[PDB]
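There are 2 protein chains.
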Amino acid sequence: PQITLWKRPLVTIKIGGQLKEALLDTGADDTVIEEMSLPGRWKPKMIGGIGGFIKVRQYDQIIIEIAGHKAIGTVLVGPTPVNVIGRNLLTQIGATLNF
Amino acid sequence: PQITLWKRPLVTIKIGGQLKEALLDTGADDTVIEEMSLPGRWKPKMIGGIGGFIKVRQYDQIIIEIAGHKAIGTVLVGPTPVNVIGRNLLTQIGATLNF
Ligand SMILES: CC(C)CN(C[C@@H](O)[C@H](Cc1ccccc1)NC(=O)O[C@H]1CCOC1)S(=O)(=O)c1ccc(N)cc1
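Each protein sequence line maps, in turn, to chains H and Y.
Going left to right, the first sequence walks through residues 1 to 99 as my numbering numbers them.
Going left to right, the second sequence walks through residues 100 to 198 as my numbering numbers them.
Check before you lean on any hint, since a few could be wrong.
Derived coverage of chain Y by chain H (criterion: at least 3 residues anywhere in the stretch with Cβ under 8 Å from a Cβ of chain H; other residues may be distant) [claimed, not checked]:
no., region
1, 104-117
2, 123-131
3, 143-154
4, 182-196
Some chain H residues near chain Y, calculated using beta-carbon distances under 8 Å [claimed, not checked]:
no., residue
5, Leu5
6, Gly27
7, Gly40
8, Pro44
9, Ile47
10, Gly94
11, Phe99
Just a sample of chain Y residues kept apart from chain H, beta carbon distances all over 12 Å, derived [said to hold, decoys possible]:
no., residue
12, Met135
13, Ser136
14, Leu137
15, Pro138
16, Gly139
17, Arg140
18, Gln157
19, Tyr158
20, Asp159
21, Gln160
22, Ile162
23, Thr173
24, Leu175
Quick caveat, the hints were computed from the structure, so don't treat them as lab data.
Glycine included, C-beta positions come from ideal geometry on N, C-alpha and C.
Please take these sequences and the hints and turn them into a complete structure.
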């Protein structure tokens with residue numbers, strides 16, 4: 001698809017069997033998902049943005065279906081107010097910015 | 100151009116004759132730039148990011164060149180870890196996300 005930016009670029013994702021809405025975010029290095037459980041070992045990480053830093057749990061080798069495309073990579077889970085799909089997974093679905 | 104997302108989508112912008120670097124950020128509703136004086140009057144705005152809310156100075160109808168493309172619109176000035184070009188100006192330069 002070609003997604004216009006008049007509105008937030010929101011897509012349906014599927015992660016750990018759960019359907020969620022997430023923002024396609026070229027400004028985010030890594031994918032960050034609102035608090036949930038994910039299988040596997042995790043390690044703590046700090047990520048910073050507007051308003052400062054939050055501590056998240058970093059899970060590797062996580063599969064997410066993004067708008068019907070399967071991608072695999074690191075998924076951070078923490079007290080983010082929005083689900084964001086970051087560049088680490090955007091690349092895997094072949095997403096680009098065009099102007 | 101077409102911008103892939105393997106690296107941060109950082110571009111040069113020009114605002115009041117000064118060159119700055121900024122992040123093309125589809126996850127950002129608004130455009131926020133680090134402290135600088137802009138002409139004219141400003142008004143208060145609160146914006147929320149990953150770590151909570153910050154207060155910014157909102158200036159309207161500001162002329163800005165983004166990666167060679169002219170935009171005229173709202174620029175928020177305040178403590179951000181990186182200059183971000185948000186959807187309000189991404190739409191003016193004709194940017195779309197594609198996959
Ligand atoms: C601020 C940029 C540089 C960094 N973030 C991405 C941005 O797209 C961020 C995403 C977001 C949207 C809504 C609520 C909360 C977060 N938008 C954002 O702050 O919108 C503000 C700025 C102007 O308009 C409103 S991030 O969320 O901090 C982040 C950092 C690291 C990782 N790994 C993932 C995400």
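Status of the hints after comparison with the structure:
no. : hint    : verdict
1   : 104-117 : holds (count 4)
2   : 123-131 : holds (count 7)
3   : 143-154 : holds (count 8)
4   : 182-196 : holds (count 9)
5   : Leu5    : holds, 4 Å
6   : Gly27   : holds, 3 Å
7   : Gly40   : violated, 23 Å
8   : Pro44   : violated, 16 Å
9   : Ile47   : holds, 7 Å
10  : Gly94   : holds, 5 Å
11  : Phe99   : holds, 4 Å
12  : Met135  : holds, 17 Å
13  : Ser136  : holds, 21 Å
14  : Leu137  : holds, 19 Å
15  : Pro138  : holds, 24 Å
16  : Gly139  : holds, 24 Å
17  : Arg140  : holds, 23 Å
18  : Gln157  : holds, 14 Å
19  : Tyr158  : holds, 17 Å
20  : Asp159  : holds, 19 Å
21  : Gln160  : holds, 19 Å
22  : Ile162  : holds, 18 Å
23  : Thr173  : holds, 15 Å
24  : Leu175  : violated, 10 Å
Going through the hint list in order, the structure does not satisfy hints 7, 8, 24.
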